[PDB]
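Presented as C-alpha cells, the chain that follows is alone, the form solved without adenosine-5'-diphosphate.
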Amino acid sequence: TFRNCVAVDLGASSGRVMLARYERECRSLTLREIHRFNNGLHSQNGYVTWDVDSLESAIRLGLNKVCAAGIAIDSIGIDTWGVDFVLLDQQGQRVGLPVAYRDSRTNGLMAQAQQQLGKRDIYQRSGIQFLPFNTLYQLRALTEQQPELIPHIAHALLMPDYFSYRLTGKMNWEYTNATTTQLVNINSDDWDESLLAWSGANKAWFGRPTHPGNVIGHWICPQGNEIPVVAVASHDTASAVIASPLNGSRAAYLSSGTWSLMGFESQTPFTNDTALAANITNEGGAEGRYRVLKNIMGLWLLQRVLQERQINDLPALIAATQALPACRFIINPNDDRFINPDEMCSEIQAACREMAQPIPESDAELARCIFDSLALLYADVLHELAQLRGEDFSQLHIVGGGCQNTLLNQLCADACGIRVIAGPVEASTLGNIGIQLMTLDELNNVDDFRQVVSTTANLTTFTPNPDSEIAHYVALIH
C-alpha cells in the first residue's frame, strides 16, 4: 500500500534525483537521495551556457540507478530554475546553444521594452516583475542577434519541460514556470500576443500553458515497464511554496536560499502601481493561486564570505557571531552592488563606510553584518507585503536550505515581531512529490499535502523576543 515517486530537483549549482516513499496508511512520507551531480554555467565561447546534455545523462543515471535497485516507480517529476529554455527544430534537434539567464546578450533590452511598450502595460498584462534576464528579453535578444536560427526554430521549451521531452518524447508547457517568462497574460493564462510580438518569438513555438498535474508522457526503464512523467509545479520556487505548511490567509513564506523569496498566496494578482513600485511579482502557483512575492538577496552573501576567508566551520562562526551585539553594521542586501563584486568582503565594508558606520573586519563581524541586515531586510519586505494585501501576517514560514540557520531564524522572528516556523528543508523536492501524489490520487489537494508535511516534517517554531537587540533596534527606528 505504498507509492514511490522520483523527484528530479535541479538548481543552478547542483542537481538531485530524489526518491520519495508515501505510505498512505500511516500518512507518512520519506525522502532519500539517490544520486547527486554538479551543475554550473559554462562559457562556450562568449556565451554562458548550461550543459543540458550532461544534465540529461545525470538524470538518466539516477532514474536508472533506482530501477536497477529493483524499486517500483509510480511517477517521475522535474522542477528547475525558471526563465531559461531550450530551442528545438522540427526534427527534435537542439537549435543553437542552451543560453543561460546569466548571459550578457540581454543587456539593455529590458529598458528598451519599457520605452516601447510601456512599463505599466507589460506589468499589467503579465503581473511579473522586471528582471533584466526574463525570457521575454532573452527571446527578443535571440531574434535581434541570431537572425539565422529563427527559421529553424519549431519549439521553445522551458528547462523543466525540455528534460521531460528528452525522457518522454512528448512536449509540454508548465503553467507555473511559464509565468516566469513575463510572456503570459494574467487574464487568459495564455501567451500574450503583444509581448510575443515584441519579443520576435513565434506563437507556434509554444502551446497553451497547462496547469501542473498532467502526465507529459512516459519513460521506459532498462526493461520495458512504463513509468509516467508528470508535469509538477516545475518552477522550483513554486514547488517550495506548495510544500510550505501554510494554514490560513495570515501566513507568509520565505523561500530561503542563495537567492530568496518572500510572499503570500492570493486568488488574484496585484498589478497596481503600488505593487509595481515595490518590485512585487505575481507568479503562477498550483490551483490557480498566485505567489505574490518579492525577490530577496539571501545567503549568497555569506557563501562568498565563507569562501573568501576560507571558513570551514559554519558553526562556531554562528557561535562567535552571537558574542557580538547586533545592528551595529547595517547594509542593504538588495542593492545591486552585491549582485557580483570581485570581493564581497570589500563591498560590505565599502557600504558600511559610506554610511558613517564602523567597519566590520573580523569573520564574526562580517557574519554579524550579513545576518542583522538580512533579518532587517526581511522584516521590511514582510511589511511591504502586509501593506499591499492590506493586513499583517501572523506567521512566517521559512523553507529551503536557509531554514537550518537557527540564528537567522530567531533574528527574523525578533525583527518581524512575528512567529517563525522553519521547515521543511527539502521544500522544492517535497512540493515536486506532492503534485505527483495528487496525480496518483493519493492526496486530494495542496492543503491536504501541506497537512501531511506539517505532521511529516519536524517543523521548528521560533518565537519573537521583544527583549532582543534587533527588536529594540526596529522599535526605536520606528
The other form holds:
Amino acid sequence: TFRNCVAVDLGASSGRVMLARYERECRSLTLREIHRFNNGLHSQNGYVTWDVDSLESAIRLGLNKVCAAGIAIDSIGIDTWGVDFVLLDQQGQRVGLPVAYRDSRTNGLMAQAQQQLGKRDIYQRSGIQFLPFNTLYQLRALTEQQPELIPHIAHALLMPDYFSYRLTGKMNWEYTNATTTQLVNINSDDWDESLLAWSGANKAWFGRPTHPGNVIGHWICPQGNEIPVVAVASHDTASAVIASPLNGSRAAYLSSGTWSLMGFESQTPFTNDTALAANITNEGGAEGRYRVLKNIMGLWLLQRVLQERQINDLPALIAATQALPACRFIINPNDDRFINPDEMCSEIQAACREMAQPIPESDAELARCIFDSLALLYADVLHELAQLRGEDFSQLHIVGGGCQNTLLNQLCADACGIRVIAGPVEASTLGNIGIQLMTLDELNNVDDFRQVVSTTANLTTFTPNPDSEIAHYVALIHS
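Next, report the structure of the form deposited with adenosine-5'-diphosphate bound; the form solved without adenosine-5'-diphosphate has already been given.
Single chain only below; no partners, no other molecules.
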C-alpha cells in the first residue's frame, strides 16, 4: 500500500536516480539514492555540449538497479535543467549536437531580437526574463548558423521530455519547462507564432504544452512489467519550488545550485513596466502557480574556482572563508562576463581590480568574494520582488545543494534582513516525487505535499543578525 516512486533528477553539475517510499496513512516520505553520477560541459567540435547518451545509460543503470532489487515501482518521473533541447528526425534519431546553454553561439542574438521585435513585445507575449541563452535565441542560432539541418528536423523535445521519450517511445511537451524557452505565449499557454517565426523554428516541431500529471508512457524492466512514466514539473526549478515548504503568501524561495533562482509564487503573472525593468521571469509552475523569479548566476562561480584552484574539500574551504572579513571583495555575479569565461579566478579578480577594490587571491578570498557578492544580490532581488508584488516576505526558504552552505545561508539572512529556513537539500527530487504521488492519487495537491515535506525534511533556521558585517554593509548602502 506504500508507493515506490523513482525521480530522475539531472542537473548541470551532477545527475541522480533516486527512490522514494510513501503511504498516506503514515504520511511518511523517505528518500534513497540509487545512482549518483557526474554531469558537466563537454567541449565537442568547437561547441559546448551535453553527453546525452552517457546520461541515458546512467539513467537506465539506476532504473535497472531498482528492478533487479525486486521493487514494485509505481511510477517514474524526470526533471532536468531548463531551456535546453534535442532535435529528432522522422525516425527518432538525433539531429545535430545537444548544445548546452553555456555555448557562445547565441552571443548578440538577444539584442537583435529586442531590436527587431521590440523588448516590450517579446516580454508582453512571454513574460519571461531576458537571458542571452534562452531557447528563443538558441533556435535562432541553429537556423542561422546551420540551415542544412532544418529539413531533417521533425521534432524538438526539451531535455526531460527527450529522456521521457527515450524510455517510453512517446513524445511530450511539458508546460513548466516549456515556459523557460521564451517561446510560449503567457495568455494562451501555447507556442507564440511571432516568436517561433523569428527563431526560425517550426510550430509542428512542438505539440501543445501539457500541464504536469499526465502519463507519457511506460518503461519496461528487463523482465516485462510496465511502469508508468509521469510528466512531472520537469523543469528542475519548478520541482524545487513544489518541494519548498512555503508557508503561504509571504514566503519566498531560493533554489540554490549551479544557479540561484530567487522568487515567489503567484496565480497571476507580472508583465508590467516594473517587472520588465527588473527583468523578472514568470516561469510555469504546477497548478498554474507562476514562479515569479530572477536568475542569479549562483554557485557556478564557486564550482569553477574549485576546479581551477584544485580544491577537493569544500566544507574545509567554507570553514576557512568564515574567518575572513566580509564585503571587501564585491562583484556582480549576474554580469555576462561570468557566464562562461576561460579563467574564472582571473575574471573575478579583474572585476575587483576594476572597482579599485583589493584583489581576492587566496582560495578563501575567492570564496569570500563569491559568497558575499551573491548575498548582496540576494538582498537586491528580494527587495525587487517584494517591491513588485507590494508585500514583504516573512521567511526565505533556501533549497538545493547550496542550502548546505551554512555560511551563505547566514549571509543571506543577514543581508536580506530576513529569517532563512534551509531545506530540503534534494528539493528537485522531492518535487519530482510529489507530482508522481498526485498522479497515483496518493496526494491531493502541492499544499498537501509541502506539509509532508515540512514535517519530514530536516529544516535549519537562520535568524537575521542586525549587528553582522554584511548587515552593517547593507544598512550603509541605504544612505
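Numbering follows the first chain given and starts at 1. The term rigid core refers to the most C-alpha atoms you can superpose between the two forms while keeping them within 1.5 Å.
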task = Fix the rigid core, compare C-alpha positions between these two forms, and report which of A204, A197, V215, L314 shifts by 2 Å or more.
result = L314
message = So, superposing on the core, is the move of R368 at the CA at least 2 angstroms between these two forms?
response = yes
task = Align both forms on the core first, then report whether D121 has a C-alpha shift of 2 Å or more between these two forms.
result = no
